[PDB]
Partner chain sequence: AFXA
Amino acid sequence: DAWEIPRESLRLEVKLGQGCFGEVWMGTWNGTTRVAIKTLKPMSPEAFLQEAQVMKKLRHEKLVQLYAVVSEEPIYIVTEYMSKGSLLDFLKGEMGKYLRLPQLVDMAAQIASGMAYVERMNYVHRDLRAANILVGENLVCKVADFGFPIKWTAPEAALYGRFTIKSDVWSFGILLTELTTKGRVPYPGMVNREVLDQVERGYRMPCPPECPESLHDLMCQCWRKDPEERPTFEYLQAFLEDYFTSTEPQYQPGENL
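Hey, can I get that sequence as one chain, in the form deposited without the partner chain?
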């Protein structure tokens, strides 16, 4: 591939994360370029490289960009560096307190835009969640982790393994509650089985405090029982972009949103 780089052109400076497959470092590439670096802790090599095999085919400003690879053990996947790390940490940290609806709606729209690309390219994420969204300067968000947590997963997908772009739309509705509670785990107080039993019976999370009903109505569309009645990402993107003129032209900031 043209993606391949020499091992000595990489310097891993700061560990950012660790996990059951390996780790993520902040580093440099060709002594000039800030980069995120992912390692395979010697998962199968074929298994771990599938992510970059995908990120080679998908280019878009709201998807984290692959830069380079090292395809022999030890493996290295090199992408653009996102300075604020996961959206989940972002919302839960010192910035969460300063975010209001216009910022969060904007981030949602950026994500929707990324997912609209995925929709058009005919892929399926299957783990779309705030913990898998990355954030950079000036509130840029990007879809990441193209490598199942029940609370984020559509019923048909969790029960019958029917994973589609429509089950990603379902996750997006959950991710909207994460944006509007600023990182809270969805379905507060409920364990997995209780979530699954309840969602099947037609339970849906209620409108989060200070969140406008019009936004909770959007979540509710993403959580329709019939996958094909859920809106497209193109639709969601357009709605979120237009939100403050078309839907809440008289919105006022509150204490939290």
Given for the second form:
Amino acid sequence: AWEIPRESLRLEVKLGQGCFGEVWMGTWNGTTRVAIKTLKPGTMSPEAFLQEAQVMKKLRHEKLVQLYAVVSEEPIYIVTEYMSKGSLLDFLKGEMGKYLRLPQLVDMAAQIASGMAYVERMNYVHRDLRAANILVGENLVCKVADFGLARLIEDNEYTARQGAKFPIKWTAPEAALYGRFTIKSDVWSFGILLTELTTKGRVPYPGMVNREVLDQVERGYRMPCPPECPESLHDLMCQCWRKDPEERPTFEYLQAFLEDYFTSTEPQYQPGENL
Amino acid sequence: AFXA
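Target state, the form solved in complex with the partner chain; input state, the form deposited without the partner chain:
Let us now look at the entire complex, which starts with that chain.
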């Protein structure tokens, strides 16, 4: 069931570490370049994971990081397509961040929307869309990673949607408060992602704590338009942040709006200091 | 999750 022997993998170079595990560049079957994500034991049920992996395997799209194989025994290994430029969040915060302007950032958003539009077409739900879980490759290619993992995490505080490991600031209120995760809560998160892109990786709701964010957002608060960001793009964010989930745009719409942005919407764009 |  896409399950492979652990010894068919060679984990060669460390690529990163996060709240729930590490990731390595390596070789599969001594011939194939891959990445291997490795999960801290106790993070999720091997059986529940193996079941979900069968779904993850079916998601085949140029803008989704492809699943190749798994090792379901703890520590769980997830074997995927390898992307050479790291997480989008780190990309935005690092040295290249200074060279990115609105046209690059909008194109990256359009690519992400394209992968998510496939997820949407397939009637699936990501649950944790944000720059930390997007990967960058050569030629500023961006792909969505880690589809289907969020639901499986068993961390104590995390299952209560609280604590340092649960991304409250990136999560739609109905999902954060009530666990109502849908493609429309993914759309909200995409709105937050647009803010990450236009602020070069700044945390959302700067200076606000998690509870304050939830309270304020429920009362109608929305993040403002970033400096040098056209109001039309902030309007798109605000559509993603509509209180009624059904009234948020589709990813199909987001993709097309972003792909056409500089001819249909902002043909008069002039580069600024940052965007 | 793997990359912070």
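For the two forms, the rigid core is made up of the largest set of C-alpha atoms that agree within 1.5 Å on superposition. Numbering follows the first chain given and starts at 1.
Q: Where among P188, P206, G31, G202 does the Cα move by 2 Å or more between the two forms after the core is superposed?
A: Only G31 moves by 2 Å or more at its C-alpha.
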